[PDB]
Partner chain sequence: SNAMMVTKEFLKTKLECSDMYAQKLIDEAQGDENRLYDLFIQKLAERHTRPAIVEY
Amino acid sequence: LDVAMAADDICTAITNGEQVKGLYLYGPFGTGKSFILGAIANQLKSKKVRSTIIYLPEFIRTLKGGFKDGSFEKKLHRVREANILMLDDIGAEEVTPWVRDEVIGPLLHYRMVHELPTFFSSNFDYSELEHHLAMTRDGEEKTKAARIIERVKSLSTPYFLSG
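Since we only have the sequence so far, can you give its structure as a single chain, in the form solved without the partner chain?
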């Protein structure tokens, strides 16, 4: 499939005002998923449309700066209402029950309830990401992973990138 034209068309749509689904780019490392996300971002910027790109490892490691006091909700509440959000390299973060049920879950829930374009990039497809989310130190919790992954599916359109 041609991801370039999907990116171009979703840029035109976003700039026109149409409600659209983000892109779920998945594939092995070094296939250009991040570059396509950033290309969408710069393309939108060329038309004055803002967007927010997040590298999930660093972002979660930043939210852990205040997991005790609960001040992480300060930044989460700011990132969750972003007009266009792009979660870069989801599924690579350390899947802990806290990040799954207090960061990722709520984030995607809100961005869905308000229909806000959400782009993704991952080394896993939908089901593989669901398995990644279910497994954790507390064991396999399939219902939470199913809820989250269904949010992802309803927020994005899949595209496979290979070498």
Given for the second form:
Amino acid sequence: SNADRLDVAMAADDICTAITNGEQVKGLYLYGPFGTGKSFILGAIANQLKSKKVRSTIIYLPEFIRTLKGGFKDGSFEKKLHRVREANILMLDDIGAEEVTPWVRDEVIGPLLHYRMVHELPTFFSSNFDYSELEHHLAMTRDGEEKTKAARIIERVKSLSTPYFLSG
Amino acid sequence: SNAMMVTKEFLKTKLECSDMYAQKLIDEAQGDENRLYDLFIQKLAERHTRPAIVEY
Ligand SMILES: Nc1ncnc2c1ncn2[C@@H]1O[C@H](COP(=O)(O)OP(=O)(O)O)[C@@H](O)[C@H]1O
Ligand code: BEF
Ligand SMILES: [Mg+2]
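Please show me the structure of the same protein in the form deposited with the partner chain bound, now that we have looked at it in the form solved without the partner chain.
Below, the chain from earlier opens the complete complex, with every other chain and molecule after it.
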């Protein structure tokens, strides 16, 4: 895992340096067991960029989804929510840990990911799941339509990211 | 119908998570109850502490 850590460290270094130099980059999909420092590294990237006057946003997906599911009106969340899809640099922290809610998955997340895919907006992820596992998590049921929707999501995630494993 | 099923539904209920995520927690604990409980509380704390969106 020192090797894992080294690989991810130079990935993050390269990505921050490129972003700061105004280059096109692809985000990281960081995955692995609990507590290996995935969220920490996403935070380190955000703070590194901040140090260079580059903006970025980190969504904590469980609470994002909980807020959307529960409903909201006019506060900080609504104001921030309206910026997320077109944020210059976006990170989805702990995808896989949220409650799966089809309308949120398909009306908010899917379109968001499609947008960032086609406009090549850097998008990062952390998860306890690899892409295959995440695709299965995203399907609320065995139903065909669910399988198709989940597949759409995961292909967009794959187009947007390069996967890195951080070991126990 | 057995302790494992119970533990899984308990995690799904209290963390409000998917079956697969709950099973990931269980697998990670590898049969150690205290380890699973500690992990549960770590994630419970994160869930109730973190804002949905943080802008940098
Ligand atoms: N490189 C690191 N240096 C110093 N503290 C760290 C580092 N990585 C993690 N910590 C801490 O270790 C704990 C677990 O890291 P975290 O990023 O939450 O794990 P996860 O991979 O599950 O997202 C956190 O308290 C986090 O702040
Ligand atoms: F517990 Be972590 F966010 F994988
Ligand atoms: Mg994390």
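What we label the rigid core is the largest C-alpha set whose atoms superpose within 1.5 Å from one form to the other. Residue numbers count along the first chain shown, from 1.
Residue among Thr136, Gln43, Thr31, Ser51 with C-alpha shift of 2 Å or more between these two forms, core superposed: After core superposition, the one over threshold is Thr136.
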